[PDB]
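What follows is one chain in structure tokens, specifically the form deposited without ligand AMP.
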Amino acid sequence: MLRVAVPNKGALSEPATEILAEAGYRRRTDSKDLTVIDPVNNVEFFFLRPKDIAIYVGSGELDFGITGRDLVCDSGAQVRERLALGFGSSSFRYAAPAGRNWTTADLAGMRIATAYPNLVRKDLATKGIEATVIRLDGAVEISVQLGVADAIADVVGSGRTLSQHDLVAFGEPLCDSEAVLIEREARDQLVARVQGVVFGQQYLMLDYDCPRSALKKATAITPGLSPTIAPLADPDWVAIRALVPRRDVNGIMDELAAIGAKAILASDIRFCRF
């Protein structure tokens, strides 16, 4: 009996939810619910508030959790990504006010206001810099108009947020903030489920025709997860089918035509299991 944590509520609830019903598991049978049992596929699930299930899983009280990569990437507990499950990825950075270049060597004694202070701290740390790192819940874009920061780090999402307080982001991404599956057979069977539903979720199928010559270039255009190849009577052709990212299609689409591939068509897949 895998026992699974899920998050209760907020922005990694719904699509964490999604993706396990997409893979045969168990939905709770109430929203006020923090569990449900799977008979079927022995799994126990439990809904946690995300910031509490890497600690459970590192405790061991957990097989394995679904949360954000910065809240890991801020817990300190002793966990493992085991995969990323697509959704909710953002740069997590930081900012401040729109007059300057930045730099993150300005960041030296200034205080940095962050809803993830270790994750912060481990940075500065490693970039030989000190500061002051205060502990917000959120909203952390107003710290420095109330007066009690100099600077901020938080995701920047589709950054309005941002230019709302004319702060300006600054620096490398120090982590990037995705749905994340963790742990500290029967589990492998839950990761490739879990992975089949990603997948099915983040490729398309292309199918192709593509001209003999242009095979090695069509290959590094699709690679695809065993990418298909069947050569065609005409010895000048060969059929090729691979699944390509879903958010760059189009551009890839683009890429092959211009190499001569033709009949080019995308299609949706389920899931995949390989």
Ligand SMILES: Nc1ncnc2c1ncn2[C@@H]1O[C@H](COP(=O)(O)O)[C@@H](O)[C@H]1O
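Whichever C-alpha set is largest while still superposing within 1.5 Å between the two forms counts as the rigid core. Numbering follows the first chain given and starts at 1. Compared with the form solved in complex with ligand AMP:
- Superposition on the rigid core between these two forms places the CA atom of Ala218 2 Å or more away from its counterpart.
- Here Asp209 counts as shifted, since its C-alpha moves by at least 2 Å between these two forms after the core is aligned.
- Core-superposed comparison between these two forms: the C-alpha position of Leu62 differs by less than 2 Å.
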Given for the second form:
2 protein chains.
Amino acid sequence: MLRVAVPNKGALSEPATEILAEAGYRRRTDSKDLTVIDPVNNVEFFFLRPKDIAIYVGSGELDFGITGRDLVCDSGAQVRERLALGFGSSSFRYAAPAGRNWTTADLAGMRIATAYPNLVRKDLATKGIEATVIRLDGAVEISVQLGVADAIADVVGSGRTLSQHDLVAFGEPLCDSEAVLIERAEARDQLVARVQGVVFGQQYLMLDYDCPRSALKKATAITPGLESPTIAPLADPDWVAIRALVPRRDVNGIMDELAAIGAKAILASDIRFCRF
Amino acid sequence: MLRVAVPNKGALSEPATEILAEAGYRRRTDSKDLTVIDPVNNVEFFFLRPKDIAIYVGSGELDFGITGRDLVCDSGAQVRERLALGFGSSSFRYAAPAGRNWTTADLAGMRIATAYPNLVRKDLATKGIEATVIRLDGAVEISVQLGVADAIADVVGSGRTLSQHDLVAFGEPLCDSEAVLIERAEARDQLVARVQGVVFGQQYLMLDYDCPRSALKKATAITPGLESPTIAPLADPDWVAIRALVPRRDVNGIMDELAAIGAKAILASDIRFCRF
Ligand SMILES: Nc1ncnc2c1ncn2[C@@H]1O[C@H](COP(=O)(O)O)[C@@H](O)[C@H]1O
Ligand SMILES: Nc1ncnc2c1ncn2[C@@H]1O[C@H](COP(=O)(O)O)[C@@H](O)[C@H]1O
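I would like to compare: after the form deposited without ligand AMP, may I see the structure of the form solved in complex with ligand AMP?
The complete assembly is shown below, putting the previous chain first.
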């Protein structure tokens, strides 16, 4: 029996639910229900406050959780980070009023507002800088305008929020975060393998294309696949169909290369999961 | 120019907006806008995270805030509590698995989950009890079931949430909370007076009733009003109309008493605000 924590709301919740569904686990279909019992897989899913997931895994009975690396860092929980899941990427930055040459040294003795004060205190300590870290619940940007803080430390996605409050990021990031599968410090191995199959498989597309036999050597070099491309005859003896897994991020350039050597009906399909 | 913080969401937000509107301040009509400029009254309203209001008032440029007494306590902010506003009442309690004789002494060495850890640590210190306080973002009840904590400390309204998670409250309350108007440690006096007028006035109804002249002494004793009841003749010389402010909570018993001495057309009306 495994117990897995999943963010109940926020930007990580849907993608986390999707990755688990993709791995074959039962979905939360009625969204107002905080628990999902998966008899088939013998897993119980608990839909918890995003901020709290790491504590539940590190100090509770939960075997795994999906949450953000920054939140794990801020929680102080001792958990194993097993996989980065391919969503929820962001960078955590210090920021202060725009138009000034803020650098890390300026942080000394500042009041720094943040919703991740442990993460911020640890970063300052590493830098050898003393400052006054002020915990806020969120929406931290407005704290500078309203006189609570001199600077902030917060998640930076597009950077839109900072610009909207006339703030500019400075310094190296405090954390480069991504959603992660964390495990409490055979059943467990199965779940990690299944989630890994989705993480890995979502990076590829399956490419199928018709190729003239005269172009087969060239095509084989363009799409080597994970082991070696699959080659099957067409009814027309002068042609074959080739199948190869290709990185999702290179598929267009690959299609262009194949078209240039005479490939036809070049198509891509999604895969659910893949074990190398 | 005054700056006032108002909860942007949660159970205190609507009543806080209403009390300010009742006091004559400009309403937030477009709810998605975090600021409201009130040129007429020279007040700017900032709609902030409920948890953060006390820090903004205590350490920021905000002159006042409406928030909960428990949140002020947990914030550690040094602010003046000027008025209790008549809404948001609750009690903060320790709770643990139902069916057992939990008492305060049992808390020693326990892991106690709560979203108000400062409030809880101060209460434990007063009691001379050491324990491990675990900060959670909210939805703390499930923490006992999931093995993160032995007990919780949380707001108790109806008590429904505790019962739903098989928990029972024990011990004296850690705080008896209510929504409050807090001020940073002539313009300010005006705002307090105006909010006070609403707080005070909302406790009364204005009662008007027709009364036979033969019953006037008895009626006067039943409704003495705040100074003395207003008495005005009706067109019918054998009658008068009496007006008196009466506590909202006693109005029905008062109406019964008046009806028993022959009063007719006994009615109550709301008032907006009242200065004693
Ligand atoms: N704590 C967070 N965890 C994951 N993504 C976030 C977080 N905070 C902000 N983002 C994302 O960052 C994107 C834009 O970044 P920004 O304009 O800097 O706020 C938004 O679409 C958010 O979904
Ligand atoms: N932090 C809070 N501040 C003000 N009211 C609250 C708070 N938490 C819960 N309540 C109220 O308490 C009521 C019911 O209490 P309970 O079943 O004990 O959760 C709910 O209708 C809530 O609006």
